[PDB]
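Following the hints, position chains B and C with the ligands against chain A.
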Amino acid sequence: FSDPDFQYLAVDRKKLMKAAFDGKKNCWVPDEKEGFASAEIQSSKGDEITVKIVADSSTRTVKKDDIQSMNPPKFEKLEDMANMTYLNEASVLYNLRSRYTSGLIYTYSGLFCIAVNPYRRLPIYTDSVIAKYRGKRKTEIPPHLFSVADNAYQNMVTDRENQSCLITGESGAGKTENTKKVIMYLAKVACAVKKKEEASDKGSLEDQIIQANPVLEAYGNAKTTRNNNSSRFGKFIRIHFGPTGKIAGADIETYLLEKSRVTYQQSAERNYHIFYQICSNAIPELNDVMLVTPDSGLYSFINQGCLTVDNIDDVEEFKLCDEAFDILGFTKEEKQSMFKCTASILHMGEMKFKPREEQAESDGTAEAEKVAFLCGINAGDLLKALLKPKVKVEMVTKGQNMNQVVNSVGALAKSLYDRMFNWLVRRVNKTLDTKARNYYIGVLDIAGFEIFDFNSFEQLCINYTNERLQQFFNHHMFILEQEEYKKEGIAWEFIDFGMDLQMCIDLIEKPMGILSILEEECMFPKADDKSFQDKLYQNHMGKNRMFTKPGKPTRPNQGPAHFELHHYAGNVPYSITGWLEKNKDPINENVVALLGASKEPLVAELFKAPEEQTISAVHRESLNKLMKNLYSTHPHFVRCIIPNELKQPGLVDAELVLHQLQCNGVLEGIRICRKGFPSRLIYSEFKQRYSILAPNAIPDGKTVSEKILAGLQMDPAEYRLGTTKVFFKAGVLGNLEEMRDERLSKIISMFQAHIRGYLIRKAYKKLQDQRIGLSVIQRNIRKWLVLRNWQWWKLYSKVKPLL
Amino acid sequence: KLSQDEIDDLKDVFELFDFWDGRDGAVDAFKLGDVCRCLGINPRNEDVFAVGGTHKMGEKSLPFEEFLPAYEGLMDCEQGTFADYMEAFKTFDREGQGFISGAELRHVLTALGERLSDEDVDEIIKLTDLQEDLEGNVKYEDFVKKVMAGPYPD
Amino acid sequence: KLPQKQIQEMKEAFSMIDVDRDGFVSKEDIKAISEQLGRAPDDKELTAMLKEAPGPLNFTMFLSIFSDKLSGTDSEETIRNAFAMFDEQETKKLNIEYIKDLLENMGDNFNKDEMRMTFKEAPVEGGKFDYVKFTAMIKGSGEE
Ligand SMILES: [Ca+2]
Ligand SMILES: [Mg+2]
Ligand SMILES: [Mg+2]
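Line by line, the protein sequences give chains A, B and C.
Mind the numbering: the first sequence is residues 5 to 22, 26 to 203, 205 to 210, 213 to 364, 367 to 405, 408 to 450, 452 to 627, 643 to 729, 734 to 837 in UniProt numbering, read in order.
Residue numbers for the second sequence follow UniProt numbering, so the first one is 3 and each next one is one higher.
Residue numbers for the third sequence follow UniProt numbering, so the first one is 12 and each next one is one higher.
So here's chain A without its partners, still in its complex pose:
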C-alpha cells in the first residue's frame, strides 16, 4: 500500500519500471573526476577498446582490462546489492550513488547495511516507522538501520546469544549518530512497562543511558576539520537484557582518546567541547569554583585553533551538561570535583617560566597557585617538584630546562585529562551498572581503516584495530558460507578464511612484532627514531612479505614514509618519527605523588599510585578483550560513508566513496565471496529463466536445470548443484544472461519469419492464378491492337456493314 512513511525508504516498483540495454555495448570506464563512467562499446584493437561516453557523448582510450560489467536497468536502486548480476567496484558505486540521490541512504550488501551520510534530518526515525519495522525480516521491508537492530534483538531472543553490532567507517560518516538511533531504538522495543501507573516511575535507566552521552560527548568530542562532534575516541557499548527480553542495564568501554588534543589544536579547530562550556559563564556561581574568566580567547590551551562552532551553543551545552550530570546522580562534590580538575588544566596552559644557567625558574606563581588550589597541593611543592624533579632509583634529582618544563606541564594536562576521562567512563559505567545477566547486544563505534597522505603511530593503532576487526568479518563469513554449502549437500573444503590478515596482524602484535618491539625501545634512554627504525628494519625488513619499502608516490601532495605495511585495504606507508615519544607519555614520577596525595577526593583517586602502561600495551590488552568478546557474539555490520567534503546532501564524490568502499569492508568482503560460489538461483526459479536456453532438452526443477546446464556444455568448475538452490560462479549468470537474450531474439525472429513464410505460401496459389489472368489481358490487347491495325481486317470488317 501507500503509507508515506517509506517516502525516504521505499522506491516505487511500477513508477520505476515505467530502458533499452545492450550487454554487448554498455559498460563502465574509469574516470579521473567521477571514478567511473557509462559508455557504449564500438570496436576492439585487441586488449584496447574504444567507447563512447553517454554523458558528453564522445570517445576515449580504455584497456579492455579496465572496463567493468554493467547491470541492466532492472537493478536500479536495488535494495540488496548481493543480488545484482554484475557486482563490481563500479556496479556498486552506481546503486549507492543512484539510491542516495533519490533520498535513500539505506542499502544492504549481504551482511552489510551501508549508511550514507544524509546531510539533513529525515521522517524515517519516527515512532510510526518503528511499528512497521517491528519483527519484520530484513527482506520483507526496505533496507534501513532499524532493521539491523530489530533483527539483532529478535535473534538474541531466538538464538539465545550475544549479538554484537560493530559500526565502522571514516570520520564524519554517521556512526556516532547511528549508534544512537540503534540505542534510541532498542529502548523503544524493550522498555520497562507500557501496560500496567500514576505514582509509578519516580531516574529511568533509559533517561540515563541517554543522559550519559552528553557528559561524554562533552569530553570525548570536538571540532575538527570534519568537525562533527568528532568522537575523538572509540566506544564499545554493550546493552543487557532480562529473561523476558527487556532492557536491564548497560555499560561503556572506550578506545584511544586523542590525549594529544588537550594541549594543542590545529588550524580552525578547538578542544573537547567542555573547555568551551566552562569559559561560557552559563553557570556563573561556578566561575569562582574553577576560577575562570568566561572568554576562551584567553586560555592558551584552547586559543590555538578557533573557538566558535556554528550549531554549538557552548553556553547551553553546559547547562544541559550539568543537568546531564545531575540526572546521573553526580554528587556536588563530584560534579564540582570534575570542573575543578577541568579548569585546572586551562591554568596549566597559563603558567610560563623564566641562557647559561640552564635550569629554568618560573615567571610568577599566579596560575601555579591556582593549579595548586584547584588540585589541593602545595603551589610551592608543585612548581618546585616540576622545575627540579626527584625520580626514583638512591634516587637522583634530574634537572629540567625552559623547554623541558613546558613539556611536562603539558604532559600533566594530557595525563590528567586522560586519567579524568577514564574515571568518567567508569563512574557512568557505575550508574547504568544497575545490579541484576541474561544476555546482551554490543555496539562498536571506532574509526575505520583510514589511509592518509601522512600515516603515523595514530593511523597505526587504528588500522591495526580495524585490521583485527576486519579479520572478524572474514571469519564470520567463513562459518556462514560453509553452513550454506553443507546445508545444500554441496559442501566444498576451502579453508583460509582470515587470510594474510594474520600475517600483517601478528607482524604487529606478536612477540618479535612491531609494537611488540616499539614497546621495548621505549625503555632505553638515549634511543632516538634512528635507534628505533634500524631495529625495526633489521628484525623484519627483508625478512617478511608484509613489511616492505615505500612505492610510487605519484600523488605530489603526499607525505613522507619509512616502512610500508600490507594491510588489506592497501599497503599503508608509515612514519615512525615520534613513536618513541608518542608511546611512552612521560610525567614527573615525582609530581604524580603530590596529585596522589592531594586533599581533593577526586584528584587523589585519579593518581593513586599502583602501590604494593604504554599506550600500545594498554590498547592491545583492551583489544583482546573486545575481540574475545566480539567472537562470543553474533555480528551485524553497519558500514557508514561520508559523501563529500561539503556537508551537502545529494552530493556524491566517487574518489571518496570508492576510497571508503575499499577500506569499508564491502569490497574485501565481496572478493572473499568471489572464490566461493556467489549468485545462486533456486532450481525452480532457475528452470524458468533459462528453459529457453536448451529447448530440445526438456522432456522438475533440479531435473531441468541439470539438463539445461548439461545442454549448454556447462563447465563443471563453474557451478555446483545445491539441493534447493543452483550455485553459480561470480559473473557466470551474466554470461547465461547475454546468451539468454541473443537466444530469445533469435527464436522470435525464427517465429516472425515463419509467419511471413506462412502468408506468402498462401498468396502463392494466387500469383500462379493471376499470372495467367494477366497472361491473357496483355496478349489479348496486343491482338486487339495488331488486328485493329491490319488490312485484311480493315478490309474484312469493312464489309460486315453489308453482311
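Below, in silico cross-link-like pairs of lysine-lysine (DSS-like), each with a Cα-Cα straight-line distance of 30 Å or less:
{"no.": "1", "chain 1": "A", "residue 1": "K22", "chain 2": "A", "residue 2": "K59"}
{"no.": "2", "chain 1": "C", "residue 1": "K62", "chain 2": "C", "residue 2": "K38"}
{"no.": "3", "chain 1": "C", "residue 1": "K144", "chain 2": "A", "residue 2": "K800"}
{"no.": "4", "chain 1": "A", "residue 1": "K834", "chain 2": "C", "residue 2": "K12"}
{"no.": "5", "chain 1": "A", "residue 1": "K81", "chain 2": "B", "residue 2": "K141"}
Hints are computed from structural coordinates only; laboratory data are not their basis.
Frame of chain A, contents of chains B and C with the ligands only:
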C-alpha cells in the same frame, strides 16, 4: 546438394517471379527470400540479407543461375522448432497457464526481432484466426502450431 | 476459324472488295474498293497484304490467313474473367493506376506506345477503369 527435381521445382518459383516484375530471366533482389519461402524455406531478413538480398525494390536483379546459390545458402539456416517458439512465448506467460495479453502478442511481434508490420500481423491473426476469448488474452500454444501448419492444413 | 455467321458474310466481303467479280482474289480489288471511305492502300501496302499468302489466295488460301491470324484469341467471357482475377470485391472495375502499372511493369511489359494506344479510349470513370466494358470493346461487342 539439390536433387534435379528439387532444383527443378526451384526453377518454377523463380520463373513465376521473373514474370511478376518483368519476364526477362531476372528477379528483383528484393524478392530473393519471398521466392525462398514459396519453396518451403523460412528465411530471416538477415539470412536473406547476407546472401545478396537487397532492401529496396530496384537496386539489383538476379539471373537464376546466381539466384540459385543465394537459395542453397538459406537452406543451411536455423528454422526454429516448436520448443524454441513455445519457450519464447512462455517467457511472456506470467502465470504459466498458457495465455497472453493480446497487446503482448502484437507488441512482441511488432517490437521484437526487428519487425513485422501491424498490417502483416492483422493479416496472420485474421488469416490463422487466433481470437482472444471474452477476457482479452489467448492461448498462444494453439496459435504457434497454426503459424507452423501453414495456410493449407491436412 | 469463325464458323457460319462470318461464313455467309466473308462471301459478300471479298465479293464486295474484288472489282472484277471472279472469285479469284487480286490487287485490282484493293485499288477501287479502297477509295470507298478513305485512302486506298498504296502499291506497296497492296502487295504486302497479297504476298502474306502463298499460292491461290482467293477464298481458299484466304480462309487460312484469317485462321492463324485470329486463332490466337480468347473469349469475351474468358477475358472478362481474366480481368477479374484482380477483383475480389467484385466491383466489376479495377482501379486505373493499378491496371496501368499492371500492364506497364509486370509480365510482357507494355512500352509507352502499346500503353498510349490502349488507354487511348479505355472505359474509365472517376478512377475506376471498367474492365468489363473495355472487354466488349476489344472483342467487337462494345463501342470499339
Ligand atoms: Ca524480372
Ligand atoms: Mg563521532
Ligand atoms: Mg479479285
